[PDB]
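**Q** Now for the letters of each chain:
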Amino acid sequence: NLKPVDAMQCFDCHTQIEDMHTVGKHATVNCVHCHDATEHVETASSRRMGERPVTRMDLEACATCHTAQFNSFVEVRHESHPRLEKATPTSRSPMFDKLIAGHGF
Amino acid sequence: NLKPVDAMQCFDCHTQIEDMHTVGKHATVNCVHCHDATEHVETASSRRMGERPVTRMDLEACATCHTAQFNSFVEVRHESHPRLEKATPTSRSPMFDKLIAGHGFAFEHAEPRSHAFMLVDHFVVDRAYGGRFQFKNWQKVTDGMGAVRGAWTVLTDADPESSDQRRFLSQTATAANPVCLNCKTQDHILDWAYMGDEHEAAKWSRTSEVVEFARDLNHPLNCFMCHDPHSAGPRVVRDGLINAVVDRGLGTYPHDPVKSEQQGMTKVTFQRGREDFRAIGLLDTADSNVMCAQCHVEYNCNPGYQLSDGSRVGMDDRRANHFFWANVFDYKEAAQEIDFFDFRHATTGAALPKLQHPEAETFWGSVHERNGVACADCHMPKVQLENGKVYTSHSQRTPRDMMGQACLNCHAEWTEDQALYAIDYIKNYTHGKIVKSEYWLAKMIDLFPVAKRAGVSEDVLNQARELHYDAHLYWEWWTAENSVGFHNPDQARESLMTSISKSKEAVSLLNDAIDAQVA
Amino acid sequence: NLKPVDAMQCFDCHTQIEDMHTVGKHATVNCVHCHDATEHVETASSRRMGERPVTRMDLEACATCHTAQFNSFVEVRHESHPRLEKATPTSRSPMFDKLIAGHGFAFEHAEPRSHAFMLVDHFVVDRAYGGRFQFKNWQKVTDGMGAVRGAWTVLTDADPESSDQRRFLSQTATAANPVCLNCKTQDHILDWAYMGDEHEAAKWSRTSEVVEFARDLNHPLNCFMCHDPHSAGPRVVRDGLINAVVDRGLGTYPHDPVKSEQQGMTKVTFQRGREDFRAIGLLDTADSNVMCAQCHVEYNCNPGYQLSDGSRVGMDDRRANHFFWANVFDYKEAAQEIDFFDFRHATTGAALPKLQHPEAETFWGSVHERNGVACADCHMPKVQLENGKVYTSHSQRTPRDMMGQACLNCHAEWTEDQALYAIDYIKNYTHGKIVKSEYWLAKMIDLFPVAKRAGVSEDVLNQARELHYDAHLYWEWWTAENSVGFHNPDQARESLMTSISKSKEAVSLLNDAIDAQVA
Amino acid sequence: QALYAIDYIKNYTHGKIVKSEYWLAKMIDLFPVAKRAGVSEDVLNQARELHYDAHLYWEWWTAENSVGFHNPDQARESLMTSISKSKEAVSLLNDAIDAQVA
Ligand code: HEC
Ligand code: HEC
Ligand code: HEC
Ligand code: HEC
Ligand code: HEC
Ligand code: HEC
Ligand code: HEC
Ligand code: HEC
Ligand code: HEC
Ligand code: HEC
Ligand code: HEC
Ligand code: HEC
Ligand code: HEC
Ligand code: HEC
Ligand SMILES: O=S([O-])[O-]
Ligand SMILES: O=S([O-])[O-]
Ligand SMILES: O=S([O-])[O-]
Ligand SMILES: O=S([O-])[O-]
Ligand SMILES: O=S([O-])[O-]
Ligand SMILES: O=S([O-])[O-]
Ligand SMILES: [Ca+2]
Ligand SMILES: [Ca+2]
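Protein chains in written order, with the deposited numbering: chain B, 5 to 109; chain B', 5 to 523; chain A, 5 to 523; chain B'', 422 to 523. A prime marks a further copy of an entry chain.
Among the hints, erroneous ones may be present.
Straight-line alpha carbon distances no greater than 20 Å define the calculated PhoX-like cross-link-like pairs of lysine-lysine that follow [what the hints assert, rightly or not]: (1) B':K437 to B':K102; (2) A:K393 to B':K393; (3) B':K7 to A:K29; (4) B:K102 to B':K447; (5) B:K102 to B:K90; (6) A:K336 to A:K358; (7) B':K102 to B:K102; (8) A:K102 to A:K358; (9) B'':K431 to B':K456; (10) B':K437 to B:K102; (11) A:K447 to A:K508; (12) B:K102 to B':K508; (13) B':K102 to B':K456; (14) B':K90 to B'':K431; (15) B':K140 to B'':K447; (16) A:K271 to A:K90; (17) A:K508 to B':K7; (18) A:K447 to B':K29; (19) B'':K447 to B:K102; (20) A:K447 to A:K102; (21) B'':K431 to B':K144; (22) B:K90 to B':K437; (23) A:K508 to A:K102; (24) B':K456 to B':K508; (25) A:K437 to A:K447; (26) A:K90 to A:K440; (27) B'':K447 to B':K447; (28) B':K358 to B':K90; (29) A:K447 to B':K393; (30) B':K144 to A:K393; (31) B'':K456 to B':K102; (32) B':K102 to B'':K508; (33) B':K144 to B:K90; (34) B'':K456 to B':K456.
Source of the hints: derived by calculation from the structure; they are not laboratory data.
Could you put the whole structure together from the sequences, leaning on the hints where they help?
**A** Listed below in structure tokens is the structure:
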């Protein structure tokens, strides 16, 4: 279970994040949803990072509160033929190999 | 109404049939279901046949007690497009005509359709009999049950008065010979000696007039090709296969000695005048990998040429009926071991092999084969019934028609759409590489006339001809093989990349040589 | 694996089996498929059975060679709603409880479902065995294949230590007796003398303890109920039917002497210790009208009472096992001929008949019957296959499931929607008249308590009771009959109008008498 | 079954149309090679007369909208004639080009 951190502590150094976070629709979303900054806060100065905080980049960090958008995003369209080569007579560019010779494609 | 005969009378002379019939699941099935031997019994001695008994080879002889299997077998899959030419831009091999020039398949090569039609399609294809045989009219192409009842109930012969192979229409060929028929019917099973060798007791052999042989044959894929009629046990009857597995001792799984011993074959020989005549291979287990390998293999069934000196190898030669029993990476070695090639390319002059539907040899070593899966698991699964006696579907067709039983019972993690998507990823990837292999082969082929007219040396041309053999082999295997890579996707990928490598080597060799002649 | 026996040795004693078996389509089918007679043959003489041979009565004995027919038979029609009570406002007989009061069917009477369930459904219904038998759990109700394998594989007995019929739950009855089982199974075919008469060679009879009899029975609708296992020819085995058609000389079509002669039945008798024991009726043609009439008829299979003096007619009396073989307009005379009625109405005190599923007798004289149509044409049609060996569907069910084969081959002028619309016009019209018949019968029934309390004379009440017999007969026939008029719409209409006429007559009689007592 | 019968005819006829085009294209591609090899006008005019026939007996079937269904035997005979004419022209030009090379 996540425990919230005091964002006011971060805002002393992170004034651009403060201006963005406090005004927008994530004003109530605590930093702990995406950052583990415990050792960072202990070691940082106003101009030196100290220990680097961890930042979550996985999409599940957003899926917790936005499951509908996440589930719609990850759906696989099976009708979109997979690994279908464009340089064939039934696809987009029947003469592609002749025309693109010399290129990695 | 059938009247039973006393089998004890037959068993006095037929001791091998006795040992098989009395022990198996047909112990109660009387000989009269398949044999009319009244005059035979009156005239035979222990070593002389006397009057020849009649033996029924029609599939209806089995359908009487096995209607479910018979009806499943004869169903026509209308979704399997009929007479669909592979050498078109929307099919398997868009550049096939350029690449195969010099071979009889240039006249016509269609995708396969349902098993009921195998004998009639063999008779009517433009490459086989010069156009001599046709369906009675264009409506008969739909009639699977008619074809099963007999080819000659649905076909006509342009000239019943002659028996020579000749062209009746200009763009046909006369490639058929008696060996072809072994993979279309076994109506001749008592009239053909092992391998089609000359034999006093054989009516037909490799050197027979194939038009006369054709007229004597009626039924496709007889039920007894996979099931011994006497024991009801699993078997093969195809001589080429028995020769590879047993005579040459290669085993049913040549890459796996342990599996070969567990799932082996025992050769049983029948004699005429106390001389070996024909043989069957009894299987240890009901192993469809080996049963379907009677036909779904790469083979020679045709005249050809020797690699060593270029001399003709005719139908009289044993090499005209040969199962290579080798996967794509062992094939060149196997063709060198019998000193054989199929044709010279019309443009390049290269000696080349001709590959046909090598499904069984491709399947070896694949993930599914290594996990003990067999052809029937995907192509003839058990029927699923809420309430009913289970039987094995004999409608041998793509698993797309029965994904629940063919794939999803094993792959519980997938929906039908996910399993179809996995198949398509493999086939799409493999097809893309087949198209690229053909592009590069065609580019090489087109340089041969340019090189010849530029005065490039025979030495350089012969180097390019040796590369053509390999480029062709490692491409054609995959257009011949019917799963478009699914049966062994890693092997297809490796082979097709090898094809392209060989072609690119040949293109570089010829372009350099042409440019040197220009300078 | 089965090993054949020497059938010629059996025939030294079994001459009637020899005459049937050697001539028919099972001449090649060895006895070992259905009999284990090893010890019998060692100990028998032509005059003494010795050890009793074992005879297989399971349907799998036939499914081995006739899988298509067996699988079509065992299929469960999930659309045939299970355990659906007819005495509800949305089913066949909304006022059934009032009208049938005093009879065992008041405890439960459901709509029929698939044939696979007939024996298990007989055992578990609340009116039959006091609630003694249940499915092992409520999931087993779906298991058609399990019921066919054997009732006691899917059912439990509340008290295996007792054999008496008693109530295990309050609202049940114990109406089952040994005659019922003749229409549910023929597992007892070698243990039951003709009609269930007492016989030294019969284990079971009309007077047996039905719970003990029940425990010995396993399979529903054995395949040999319609097909003789020795000749494979068409037959019936039901004693009540052979008795009506042959012994009482009524003929297979009592209204058509010419059709009775063309489509007749020959009684074949089998003896024990040189006395007649059991019989079958071999049919001239494969006439499903007569085969289905083994069970789909109005019958006595129960104790009742004499119409003459009201005395008890018990299971020991031959009348306890009786096919009336009479249409609705001949039934009253047919019941008077044997001097029999079923129950006294709980409210009116009237002697009343109890009618059950008279499909065969209703079908006589209908437009379809007169045109040579038979039950199987609509309920067991031939399968239509694009390519395959045709066989007869054994899934005996509504033609709504297979209209192309059941109706539209004959009725080419119609689409499926039009044919269904014609069926519904008849069923809607008939159901409307059934509901009006019930309304008027219920009205009459409710006047009896009022009349008794007003002091109406017994003479008037007895005239009304006579009318009740007729009003009841001419209504209940149509709630019992399963086609809701379709099998004979004009007859249903005439009969139901007769019922309403009789009820209206009784209502008038009782209202006048009540009003006279008040005045 | 009726759709399957249509498709058998159209598939067969389309396969022959594709083969006729392959051979016509092979002949067409030799004309520039022959011209630049110095092949005689006499040989080129022979090949031009064959081109008329090869073209006619092919184009009729790409122009005709049933893909052979309206007359399958006639399509088959015509397309085989097209291929025959093209093959004759290819042989004529290849021989002439090779004679110029020698
Ligand atoms: C001043 C003492 C700081 C306090 C309190 C916090 N942070 Fe910080 N942070 C600080 C510096 C000087 C830097 C280097 C970047 C810069 O602006 O000069 C950072 C960096 C981060 C980052 C980026 C990490 C990376 O991978 O690049 C994050 C995500 C971050 N800081 C978050 C953060 C949070 C959530 C805090 C409150 C719990 C917080 N910081 C406190 C300086 C200071
Ligand atoms: C729960 C603790 C949240 C997490 C984690 C994330 N978001 Fe969010 N988001 C949240 C709320 C309560 C709201 C306000 C909803 C409202 O309509 O009032 C939002 C809003 C958004 C929006 C809409 C913004 C707008 O201006 O309209 C977006 C596009 C959004 N959120 C995206 C988002 C992403 C990409 C996240 C992962 C990095 C994410 N949110 C986390 C609650 C929560
Ligand atoms: C000894 C007198 C025999 C009796 C009795 C039966 N058969 Fe026979 N049969 C016999 C010989 C010597 C041969 C030639 C083959 C050999 O083993 O030497 C045969 C051949 C057959 C065949 C093959 C026919 C063919 O087309 O090749 C069949 C199907 C056959 N025999 C069946 C058969 C049956 C069913 C018999 C009992 C009714 C029977 N035979 C009796 C020798 C003898
Ligand atoms: C009825 C007279 C039969 C004819 C004709 C054929 N077969 Fe048969 N077969 C029959 C029976 C009674 C059985 C035993 C069924 C059982 O499960 O006990 C069989 C069995 C088979 C089998 C299964 C064998 C096994 O070892 O599992 C096969 C593959 C089989 N039969 C095939 C077969 C073929 C190909 C026939 C035509 C040549 C044929 N049978 C005829 C009954 C009858
Ligand atoms: C030789 C007697 C064969 C045996 C044994 C098997 N197959 Fe076959 N198969 C064969 C031919 C000649 C054809 C083409 C028939 C035609 O008229 O075109 C085929 C076809 C198939 C197909 C395609 C079916 C479709 O719907 O298009 C499949 C899927 C197939 N074959 C599979 C298969 C399996 C799994 C076998 C062992 C059980 C098998 N075949 C045996 C020739 C022969
Ligand atoms: C009645 C007015 C017809 C209509 C509409 C169609 N067909 Fe027909 N067809 C008809 C006849 C009398 C015949 C000849 C029958 C014979 O056996 O002599 C046919 C023939 C065909 C054929 C065979 C053609 C051949 O060249 O051999 C086919 C494949 C065919 N018909 C198919 C067909 C289809 C698909 C139709 C709808 C588009 C169709 N036919 C219409 C009678 C009539
Ligand atoms: C068994 C080793 C075979 C021999 C010998 C012959 N063929 Fe065959 N054929 C075989 C299979 C397994 C298949 C289906 C798979 C496939 O790739 O097509 C076929 C298919 C045919 C077809 C239909 C497809 C087509 O190519 O048009 C025809 C017309 C056909 N085969 C003809 C034929 C001829 C003329 C043969 C001797 C030269 C011949 N086949 C041999 C298996 C076997
Ligand atoms: C090889 C290409 C086959 C041909 C030709 C025929 N059948 Fe077959 N059969 C085949 C396999 C692989 C199996 C399953 C074996 C296993 O145990 O997994 C079967 C099975 C049968 C059976 C057994 C009952 C069942 O499982 O359905 C019967 C009775 C049977 N087959 C009959 C049969 C008939 C009548 C055929 C001609 C129409 C027929 N088989 C052809 C493989 C092959
Ligand atoms: C499942 C794991 C399989 C096993 C084992 C075998 N095959 Fe197969 N096959 C499989 C797929 C998914 C496909 C592609 C089907 C599609 O619709 O995309 C195939 C294809 C074939 C074909 C061509 C069928 C057609 O195009 O209609 C043939 C002739 C075929 N396979 C034969 C075959 C044989 C003889 C096998 C045992 C050696 C075999 N297959 C194994 C899936 C599976
Ligand atoms: C295989 C060993 C069989 C067993 C066990 C049973 N039957 Fe059979 N039956 C068998 C054959 C080979 C045939 C003849 C098929 C033909 O058309 O030639 C039959 C036939 C029937 C028929 C049709 C009879 C007719 O006169 O048309 C029926 C109705 C039939 N069989 C029913 C049947 C029943 C009910 C069985 C269990 C008692 C049964 N058969 C066993 C093969 C075999
Ligand atoms: C797993 C969590 C289950 C779900 C969801 C459902 N059922 Fe179930 N059911 C389950 C068990 C473990 C049992 C007892 C099984 C046993 O053999 O001991 C059952 C029982 C039933 C029964 C029989 C009830 C009885 O009183 O005898 C029925 C008819 C049944 N289950 C049906 C059913 C349906 C229709 C469900 C979806 C609504 C369902 N079950 C959910 C396990 C679980
Ligand atoms: C043959 C003349 C029969 C005798 C004797 C018995 N029954 Fe019956 N039963 C018969 C048929 C043709 C049908 C189906 C048609 C219908 O109208 O239902 C039935 C149905 C049943 C059912 C299921 C429906 C129901 O009423 O709940 C049961 C439970 C049933 N039968 C039980 C039963 C009992 C207990 C019998 C002896 C008193 C009895 N049946 C006799 C045919 C015949
Ligand atoms: C009477 C209620 C039947 C019972 C019980 C069984 N079958 Fe039947 N069968 C029935 C009819 C009316 C017919 C058709 C007769 C006609 O000629 O129209 C049949 C037919 C058969 C056949 C013949 C082949 C066919 O037509 O399908 C067989 C082999 C057969 N039936 C087998 C069979 C088996 C195995 C049964 C028990 C599962 C069975 N029948 C029950 C009527 C009746
Ligand atoms: C076609 C002309 C028929 C003949 C001949 C027989 N029946 Fe019938 N039946 C028929 C219809 C249209 C219906 C109503 C079906 C519906 O879905 O509305 C029926 C009904 C039955 C039923 C009840 C079936 C059910 O409700 O699911 C039974 C038990 C039944 N019929 C039996 C039966 C018998 C034994 C016949 C020969 C004497 C018979 N039917 C003839 C159509 C036809
Ligand atoms: O607020 S940011 O700029 O550190
Ligand atoms: O039994 S066979 O070998 O004649
Ligand atoms: O020609 S057969 O091998 O496809
Ligand atoms: O043949 S029987 O009647 O013993
Ligand atoms: O032996 S018999 O005939 O009584
Ligand atoms: O009770 S049976 O007759 O429906
Ligand atoms: Ca080959
Ligand atoms: Ca009654």
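**Q** Return the numbers of the hints above that this structure violates; sort them in rising order.
**A** 9, 15, 16, 17, 18, 29, 31, 33
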